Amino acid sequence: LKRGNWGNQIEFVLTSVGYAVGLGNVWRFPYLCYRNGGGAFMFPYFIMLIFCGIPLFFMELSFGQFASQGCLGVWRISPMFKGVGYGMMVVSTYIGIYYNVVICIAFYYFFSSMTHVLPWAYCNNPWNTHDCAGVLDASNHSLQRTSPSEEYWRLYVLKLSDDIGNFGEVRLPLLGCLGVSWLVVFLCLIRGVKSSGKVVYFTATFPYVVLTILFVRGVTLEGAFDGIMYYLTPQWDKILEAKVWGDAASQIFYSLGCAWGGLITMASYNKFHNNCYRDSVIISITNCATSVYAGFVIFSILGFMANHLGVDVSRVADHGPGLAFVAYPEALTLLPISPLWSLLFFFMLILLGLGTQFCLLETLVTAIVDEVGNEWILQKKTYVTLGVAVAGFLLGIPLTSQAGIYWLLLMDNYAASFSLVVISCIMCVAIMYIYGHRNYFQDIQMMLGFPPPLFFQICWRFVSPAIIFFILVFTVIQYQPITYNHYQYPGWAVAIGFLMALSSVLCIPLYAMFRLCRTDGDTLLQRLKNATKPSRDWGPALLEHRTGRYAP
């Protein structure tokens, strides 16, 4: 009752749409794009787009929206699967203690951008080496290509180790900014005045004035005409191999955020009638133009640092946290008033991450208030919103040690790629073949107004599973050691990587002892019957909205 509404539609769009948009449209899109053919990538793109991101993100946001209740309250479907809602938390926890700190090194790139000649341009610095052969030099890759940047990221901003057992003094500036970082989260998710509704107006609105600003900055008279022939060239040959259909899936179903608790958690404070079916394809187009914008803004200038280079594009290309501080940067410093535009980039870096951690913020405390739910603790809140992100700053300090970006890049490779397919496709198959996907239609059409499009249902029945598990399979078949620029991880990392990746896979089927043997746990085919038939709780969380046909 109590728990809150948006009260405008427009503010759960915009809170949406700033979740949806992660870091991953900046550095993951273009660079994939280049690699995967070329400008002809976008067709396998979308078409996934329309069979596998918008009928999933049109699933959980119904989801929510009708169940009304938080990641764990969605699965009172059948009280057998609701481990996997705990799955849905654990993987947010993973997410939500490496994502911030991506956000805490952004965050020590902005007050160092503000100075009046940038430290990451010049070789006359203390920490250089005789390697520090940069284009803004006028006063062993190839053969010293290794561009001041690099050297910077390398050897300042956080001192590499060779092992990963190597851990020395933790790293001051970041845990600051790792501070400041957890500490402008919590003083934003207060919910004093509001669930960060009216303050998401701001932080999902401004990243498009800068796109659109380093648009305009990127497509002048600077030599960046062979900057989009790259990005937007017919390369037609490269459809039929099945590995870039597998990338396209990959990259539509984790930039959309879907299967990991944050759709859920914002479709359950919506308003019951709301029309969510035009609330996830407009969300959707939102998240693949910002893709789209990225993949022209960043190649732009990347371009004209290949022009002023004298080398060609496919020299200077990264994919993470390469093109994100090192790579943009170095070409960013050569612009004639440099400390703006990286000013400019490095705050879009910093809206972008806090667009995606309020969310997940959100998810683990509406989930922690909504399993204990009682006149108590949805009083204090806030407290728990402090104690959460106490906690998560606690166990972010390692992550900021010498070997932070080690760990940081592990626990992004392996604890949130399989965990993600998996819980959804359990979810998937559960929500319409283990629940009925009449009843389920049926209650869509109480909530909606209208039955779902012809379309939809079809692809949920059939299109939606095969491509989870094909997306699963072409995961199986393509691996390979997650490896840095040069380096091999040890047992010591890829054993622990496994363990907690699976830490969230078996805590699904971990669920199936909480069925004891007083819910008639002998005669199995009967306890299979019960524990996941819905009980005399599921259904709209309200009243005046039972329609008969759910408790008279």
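Positions refer to the first chain, counted from 1. Rigid core here is just the name for the largest C-alpha set that superposes within 1.5 Å across the two forms. Compared with the form deposited in another entry:
- Superposed on the rigid core, the two forms differ between these two forms by 2 Å or more at the C-alpha of one listed residue only; from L183, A466, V170, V372 that residue is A466.
- Relative to the superposed core, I105 undergoes a Cα shift smaller than 2 Å between these two forms.
- Put the two forms on the same core and the Cα of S68 is off by 2 Å or more between these two forms.
- The rigid-core alignment places the CA of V244 2 Å or more apart between these two forms.
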The other form holds:
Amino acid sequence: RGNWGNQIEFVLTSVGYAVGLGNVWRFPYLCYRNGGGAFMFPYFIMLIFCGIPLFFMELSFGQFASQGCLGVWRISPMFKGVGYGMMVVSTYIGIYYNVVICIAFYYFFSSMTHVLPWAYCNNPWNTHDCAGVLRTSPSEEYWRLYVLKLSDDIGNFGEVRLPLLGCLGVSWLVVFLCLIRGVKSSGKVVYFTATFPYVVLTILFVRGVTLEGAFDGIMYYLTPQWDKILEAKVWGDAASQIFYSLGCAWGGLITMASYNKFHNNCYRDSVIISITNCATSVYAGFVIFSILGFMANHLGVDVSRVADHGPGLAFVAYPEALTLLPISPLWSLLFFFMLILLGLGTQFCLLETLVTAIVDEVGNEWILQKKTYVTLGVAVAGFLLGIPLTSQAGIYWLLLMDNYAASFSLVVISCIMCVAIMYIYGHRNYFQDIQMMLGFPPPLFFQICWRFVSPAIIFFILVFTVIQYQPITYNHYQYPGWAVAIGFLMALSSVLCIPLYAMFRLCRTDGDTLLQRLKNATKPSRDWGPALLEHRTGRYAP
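Switching conditions: you have the form deposited in one PDB entry, so give me the form deposited in another entry.
Below: the lone chain, stripped of partners and molecules.
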């Protein structure tokens, strides 16, 4: 297969893939729309009781068999729909991740001047409601009336924004060239691309605290509200954010772990990566809410009403902070360069996983010698599918894709995989498999979370989400009926991959009765187990 080589290389490559735009762009606006401090307690509970155990499960699953997201299912051939749904979710995410990266590119290209274009209120696109520190904010007017030229409805396509299309093309070309010339795999300066963001965030942090009114923003960020805790909407949002930030059902974790050595310690790696990834979102939230408190202090409004609940909270808040620093364009350039690097690090692995999965699935040697053409085709398809998101109605489609297609399918897929491993294969067998590599049995906390706690929590969240479903409540953006139907279809497309592949496999399995056919399709194959011959001892002996 090809081992990773050095262990520190794996730890640094996993941190660079886990930390991305979901830490600095997605977390703050979800936290703001979920009433700030009322979102933190479910978030921490979810992280402690569902995220880390499933992260460890995925890493161990990848390491033990030395297979990717589709080859690990020799343990139960009837559950390949899990990997197929993982691939579907990865495609959905990667379609619009590059659109966000291209918006970041556009903001980076506009910082190469002497005076920032979002710093004053006298521009041709400004109105009489403009109000600036040297009502409405100049940054939000720049975001709405100039960068996007937003429409009034999701069904009003309007025209295509040419600069955004150019930025998208540049981003896709950069990704393709870096992938086919091997920038990260056989490359360095992953240390710098892991150290730079914290320096930038620390620089932005000191200025925010000094501001007037930031204390109220911080208090709103930290103070918990106990009234909104009895609602299934906030818990589902917290679970979605936790599973999205760690990449649980993306399929890249298994592929990355497939190159690890047998006796590598995946428990320590999982703990370290989870803590590092989740400690980065809190810093960005601190900075963002300090900026929000300062902004609400001088606009004569409350912290909960200063901004709207759209996805463009970062592109309105961060430029306002960047304005107040001495020599603003340099800091803006550095900040947006850091954002671009954070996005590209995740996009590289996202596309590499799909290409590797396709190449391994096809299986011949002719598809192995034409990997560059496969990568080119995938890149061209992604670029073509991302074009309708650069119109005047693109942010509506992006929001629909974000909070319908890649929110709660990850949790369902992860729970199904955990249940299949624990109750169809047997928990004792998996515990012995883990002890084979680590040398000690998994701690009791992970065992109890794998057998009882996490599946029950996910079941309760899913059950109470449906019962408490209100059309007025679960819309939040006044979308029409057909848009909601499209979002539901996108949500169901990845989940329905499991039951349909189950029937497909059952239609080709020998056995008189259906019960007999259900036992042959769930039995492990003949090649399940350790890859190397020296580790095939005990219950795997020939």
